[PDB]
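**Student:** Given the coordinates of chain U, work out where chains N, A, M, F and O should sit on it, guided by the hints.
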Amino acid sequence: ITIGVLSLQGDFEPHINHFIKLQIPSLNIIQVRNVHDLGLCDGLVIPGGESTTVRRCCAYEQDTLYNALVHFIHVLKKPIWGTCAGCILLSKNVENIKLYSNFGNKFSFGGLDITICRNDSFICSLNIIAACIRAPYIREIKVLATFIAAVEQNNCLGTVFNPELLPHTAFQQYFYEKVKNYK
Amino acid sequence: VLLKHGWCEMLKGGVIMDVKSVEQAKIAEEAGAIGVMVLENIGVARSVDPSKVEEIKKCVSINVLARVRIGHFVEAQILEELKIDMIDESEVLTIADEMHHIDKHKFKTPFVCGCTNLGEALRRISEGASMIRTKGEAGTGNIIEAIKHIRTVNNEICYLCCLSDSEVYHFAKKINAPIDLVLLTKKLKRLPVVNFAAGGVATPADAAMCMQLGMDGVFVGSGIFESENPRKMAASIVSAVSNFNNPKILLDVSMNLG
Amino acid sequence: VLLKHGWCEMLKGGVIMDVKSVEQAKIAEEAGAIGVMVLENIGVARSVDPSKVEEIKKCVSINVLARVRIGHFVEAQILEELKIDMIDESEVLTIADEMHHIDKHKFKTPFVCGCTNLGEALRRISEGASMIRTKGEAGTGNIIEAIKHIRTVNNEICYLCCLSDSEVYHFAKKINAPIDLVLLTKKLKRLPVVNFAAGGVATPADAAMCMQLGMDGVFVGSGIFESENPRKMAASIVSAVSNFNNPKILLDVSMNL
Amino acid sequence: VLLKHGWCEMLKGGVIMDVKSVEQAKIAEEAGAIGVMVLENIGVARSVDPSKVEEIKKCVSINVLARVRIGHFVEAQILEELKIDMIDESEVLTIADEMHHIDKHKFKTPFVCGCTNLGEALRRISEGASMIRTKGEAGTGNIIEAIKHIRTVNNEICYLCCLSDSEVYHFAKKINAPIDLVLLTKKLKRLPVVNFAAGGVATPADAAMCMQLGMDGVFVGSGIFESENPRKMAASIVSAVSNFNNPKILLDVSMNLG
Amino acid sequence: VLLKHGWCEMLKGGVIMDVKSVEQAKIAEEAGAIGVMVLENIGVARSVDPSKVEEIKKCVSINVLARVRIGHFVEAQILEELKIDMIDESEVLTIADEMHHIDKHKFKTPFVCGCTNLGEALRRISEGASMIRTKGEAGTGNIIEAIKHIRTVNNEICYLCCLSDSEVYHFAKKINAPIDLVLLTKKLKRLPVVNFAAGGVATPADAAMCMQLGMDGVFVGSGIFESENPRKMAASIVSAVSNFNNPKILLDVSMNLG
Amino acid sequence: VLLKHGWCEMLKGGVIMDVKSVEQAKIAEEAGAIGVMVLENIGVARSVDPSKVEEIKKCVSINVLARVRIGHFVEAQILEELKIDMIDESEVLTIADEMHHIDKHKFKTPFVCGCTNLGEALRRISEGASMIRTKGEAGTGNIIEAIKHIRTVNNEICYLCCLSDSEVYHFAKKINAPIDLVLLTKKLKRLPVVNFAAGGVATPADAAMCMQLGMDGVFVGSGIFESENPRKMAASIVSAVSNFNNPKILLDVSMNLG
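Chains as they are written, first to last, in the deposited numbering: chain U, 118 to 236, 243 to 252, 264 to 275, 281 to 286, 296 to 331; chain N, 124 to 165, 174 to 389; chain A, 124 to 165, 174 to 388; chain M, 124 to 165, 174 to 389; chain F, 124 to 165, 174 to 389; chain O, 124 to 165, 174 to 389.
So that you can see chain U by itself, here it is in the shape it has in the complex:
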């Protein structure tokens, strides 16, 4: 019962605060910036910071962290969550990248069979079947929520909105329940 927050970008603190607010003694949250922390936790949530920053900071010492995460999701199949930029990194295909980077399709971690376009803020009521601070728009493709709002495929969860920016912590418990179910 140990979930981690990838603390190489911004927005990790609100994610940690709202996970702790649920007030469960068994649940412990630690920062994740290296492979050691990645192996310590049984789950992982990618805070909705920058997408470029996360990928560059995940390519230190010949993709040491990037390979750890990619192997982590695609082999151990442990629960993972991605908000805002998290969805961008969790989508196999992402476009609207004018610069011809050599990364190609390995820029995104993958896991969700969806096509996303990052390219502004408002509030939307979640008609589950949310403060969208520059929420990416999904172009191509079970949908957990819609207003599409949340997509959960296998152990991977994706939310284009920022639940941690609102008082309610329902989604934080939802991923904790997902982690407990996997455990």
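The set of hints was computed from the structure by calculation and includes no laboratory data.
Please note: incorrect hints may appear among the correct ones.
Here are the simulated BS3-like pairs of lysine-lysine, each with C-alpha atoms no more than 25 Å apart in a straight line [as the list claims (entries may be wrong)]:
id, chain 1, residue 1, chain 2, residue 2
1, N, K305, F, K279
2, A, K317, M, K279
3, F, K379, A, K214
4, N, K320, F, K317
5, U, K215, N, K149
6, N, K317, A, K304
7, N, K214, M, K379
8, N, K363, U, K223
9, N, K237, A, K318
10, F, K304, O, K320
11, F, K305, N, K279
12, F, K304, O, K317
13, F, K304, O, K304
14, N, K279, F, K304
15, O, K320, O, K279
16, N, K305, A, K237
17, N, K318, A, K304
**Tutor:** The following block gives chains N, A, M, F and O in isolation, referenced to the frame of chain U:
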């Protein structure tokens, strides 16, 4: 203003590189910066020409910031019409209104403003600043002032948190800050808005020292590009801020820096 | 605090006489005062003995006030337990805490505090004062300071209302006042709380001059009872405040004094 | 003097460019200026040669102004004989009489004089000035002083309007201004005569800031013609003054101004 | 020294009356005081004659204290031979050694010493003081200084508790206190030794105000006996300290105090 | 810290010369130095690139030192990760933290810090310094300051030893040093930690003079290598320190030194 704060809170733990052109802005995007502050490519210093800011804004997918003189509320109106990501009411540029500061409540674009103590930081947050940065000493490369101001603000906030209810009213008068924010700082135990470090950060060690002192990010000047390897030094300061608590990584990025 | 403001809102246009005993308090009641400030019947000046304040409180049907040193938050706790009508954190008494002022939010009893400028008046209202009075110069009988302070506060409030939205922030800093109240003063164009005049008011003309400068009432010292006719002089200052705009009445009460 | 005021009120909302020759004066006419201040094409600064002022006056259909040293009433008599459109008793030129100011009541030609506070502006209107401008800081391009003076005059006029009848007499003494005008400013709630902004206005944003602060127009130095495109930069300043409340247009003119 | 601190901790929440004779000492014993400081029954003030201290010690069952000039280490040796209960290195008496302070480690009798800031209370505790009191302003009856010093010491201790670990070393330097005690104050969050209030406490309200500000007890001067009712005024200040948080009792004891 | 003290005590009677490269470091090793202080091979002076320190560390079998700005506690972590032999919190480099000094207790690598009096030396030893050196005056070559500071520290230590137990408490306050160390200096009659001489030592006579005044070694600048014979001049200063009491040898090394 809540959405501006939420957007800024997503801005924590990053590096903002003060770029001067499109090639520099591209370097800072590959290096992993979260935003680029558009500068004047080489007296009275005025806001950069909006055609230059608009050039960079379409060549980088990361945030773009711009500088407006202290009090010049019509340069800000020009930039806000440009759909920029965040405006910096800066003291590096010549002061337009030495007595007043833009009324940042009238703009939809978040503002970042300097600060040398908690009283000054709380005043600017009252006026509507969505972010703060320690003034330091721009153009010198000396982290003496940035560290001095970081400690001063950090000490005052904690000393405040250790005070009592009846003593808060005098403290607000002492630092000359609105009482509402002074209580908000007491409750949160930190500055109510995102706080970055600016002025003097030139080395991966300097960036990590500021982060180890509490700040949420770093503002790095143009020294990164006036060096032997701009791309490598830039990615070094980015990794330092991302891994500011890892001495092994800090050593690794500091080796062969030039 | 709204309830405290409502009660003070009924204190407008009245005279508060600083009495020293029960006979003086009875004179001030029959003279038409709205309240009596209990004093020490005489080198450190402390709050009067609560047995004296309790004696007067039961011998007059009008408000009873009392004085507590600046910062002494345990004299106030004693008086609040006494069910007094309104406490005065006064600079005439020796300063118990030179550096702080009682936290007046913790008490149910409305407070009044001195003020020499708009910044000082707005700070005290932030701390929880339900009324203000111009410090003036107590014990001298000279209305020079009271009139100087009344003008200073009145000028600042109006100059404020003539300002702009972006200039208010710098003004609040200059006077060193909370921004929330500074905007409230601008909206109302006057001090957010009842404002009385204190220090130097010794003649019906002095009382009416203060009320003609926009105050809501007068604090009147002990000069009335150290005079030939205390009952007549008292009723004169009461009529001056009630009819401060009628020169015929002011002449009538000033004659044969 | 009333007819001079009538002419000046027709002067509101315009731009006066300090030109140095016929070609510059023609540029400023096509750029849409309302008047041109004839300058010396160049250690004592004296009134320009009247033969230069006559050549420009006959080559432009807009108002022509000229500068005379403070107190030098015989230079004014020369220009007044030249049938110029408005004389400028200017502090930029060397002071001829440090103690006195031309008696502008004796001339038919309207005068414009500098001012740094309401008291000084009211004194010059008493002497006969038909228009005022804020001294600012000529030759520097810094709008710090122009904005500081605009606020100072604006604050004093409003603070005056908020005063009382018996308090006006003390105010007049404090600012040292004639009581008759002090009451006239109170009744009108603004300066009795047209008021322009001068000193530091170098960018379309600077021009619009001054107009957004109340001023009736802008005096623009020679920076327009010591720049890449004089016609466009001049045209930009005029559009800013005409559309000082339209951020969309202010952005448009500011783009590609270099 | 631990035994001395153990005895002192048993002295918390009490009142020490500065008596002048046996009748006054008997009054202060029946009034409920925990100890009596023997005084000189009256221009150089010296330690009272030990025969006076000896007579009171045998006529009261409560602690007996005595005052020795600052630095006079032979008056202390006389009193220690007298088997007194506490010695008071007093600034009220003339200073025998303005340079030094008795070496209180050599005595078996606990010492109490004045203090005006945390840096001075910590130095005296280093020398060997087992109790501290705030100097205040003796003989005036004004609680202004006692309250000022109580706040100053209380603020510094809490500001300390809010500091970091590398900042403690500089704080110790600036207040000029031993580093070992500074860390001990931080860990305990209060002064390492019992702390009493002295100077100006003349009314039940004054005594309770000091206790409501943290102090562990009160030193009350001779004003209690130069009053209409010494027994009633004495028992009033005793009840104020015992019930310093009970406004009902504080009112009750304050009524008819004359 | 005892292990650091034991290792440092093995550094007594040696010469540490500030080298700039690997050839200079090789000269220093052959000349008999015990350690080499790696320098920047040249506005703001910062810690050298850890790749330079690593290259020297691998080409010399003697101790390797490095300099970190005063207070910059993140350069130290970089060097400590490098497995350097001793770090130098240097006043020659620009001051990173004007107010604080690295908390040298958190590092396993011994630190050496400057000092100009006994109070300053005792404070740094409190913070965790394992060695001291006299600041002197770097870059001048004048031994005036080094000798002045050596005498000042020596006089204070002995004057301290000639005092009484009651006077020690005031002395600690006067020099502003921890009382625990002040007593330790008295007991040992010398500085509790190894003490070297730095600043101005440029000649075999200068080195021997410092050692004849009771130091444990000398820090030698770069003047050894900006001279005709670097190897001979280096071995001269080494022999002077080894034989500082032998005028015959001191003459021998001093002849043809230049």
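**Student:** Could you run down the list of hints and mark each one as holding or not?
**Tutor:** Do the hints match the structure? See the list:
With a C-alpha separation of about 16 Å, the suggested pairing of N:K305 with F:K279 holds against the 25 Å cut-off. Straight-line distance between C-alpha atoms of A:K317 and M:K279 comes to about 23 Å, which keeps the hinted pair within the 25 Å bound. A threshold of 25 Å between alpha carbons decides the hint, and for F:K379 with A:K214 the separation of about 12 Å falls inside it, so the pair holds. Between the alpha carbons of N:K320 and F:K317 the distance comes to roughly 19 Å, so the proposed pair stays at or under 25 Å and holds.
Restraint check for U:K215 and N:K149: the C-alpha separation of about 12 Å stays at or below 25 Å, so the hint holds. Between N:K317 and A:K304 the CA atoms are separated by roughly 21 Å; this keeps the pair inside 25 Å, and the hint holds. Straight-line distance between C-alpha atoms of N:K214 and M:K379 comes to about 12 Å, which keeps the hinted pair within the 25 Å bound. Restraint check for N:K363 and U:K223: satisfied, since their Cα atoms lie roughly 22 Å apart, inside the 25 Å limit.
For the given pair, N:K237 sits about 19 Å from A:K318 by alpha-carbon distance, which is consistent with the 25 Å threshold. For the given pair, F:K304 sits about 24 Å from O:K320 by alpha-carbon distance, which is consistent with the 25 Å threshold. For the hint linking F:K305 to N:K279, the alpha-carbon distance of about 17 Å falls within 25 Å, and the restraint holds. For the hint linking F:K304 to O:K317, the alpha-carbon distance of about 21 Å falls within 25 Å, and the restraint holds.
Straight-line distance between C-alpha atoms of F:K304 and O:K304 comes to about 10 Å, which keeps the hinted pair within the 25 Å bound. The straight-line distance between the Cα atoms of N:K279 and F:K304 is roughly 18 Å, inside the 25 Å bound, and the hint therefore holds. Restraint check: the Cα-Cα separation between O:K320 and O:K279 comes to about 20 Å, which is no more than 25 Å; the hinted pair holds. In summary, the hint linking N:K305 to A:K237 is supported, as the alpha carbons are separated by about 22 Å, within the 25 Å threshold.
Taking the CA atoms of N:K318 and A:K304, the gap is near 23 Å; set against the 25 Å cutoff, the hint holds.
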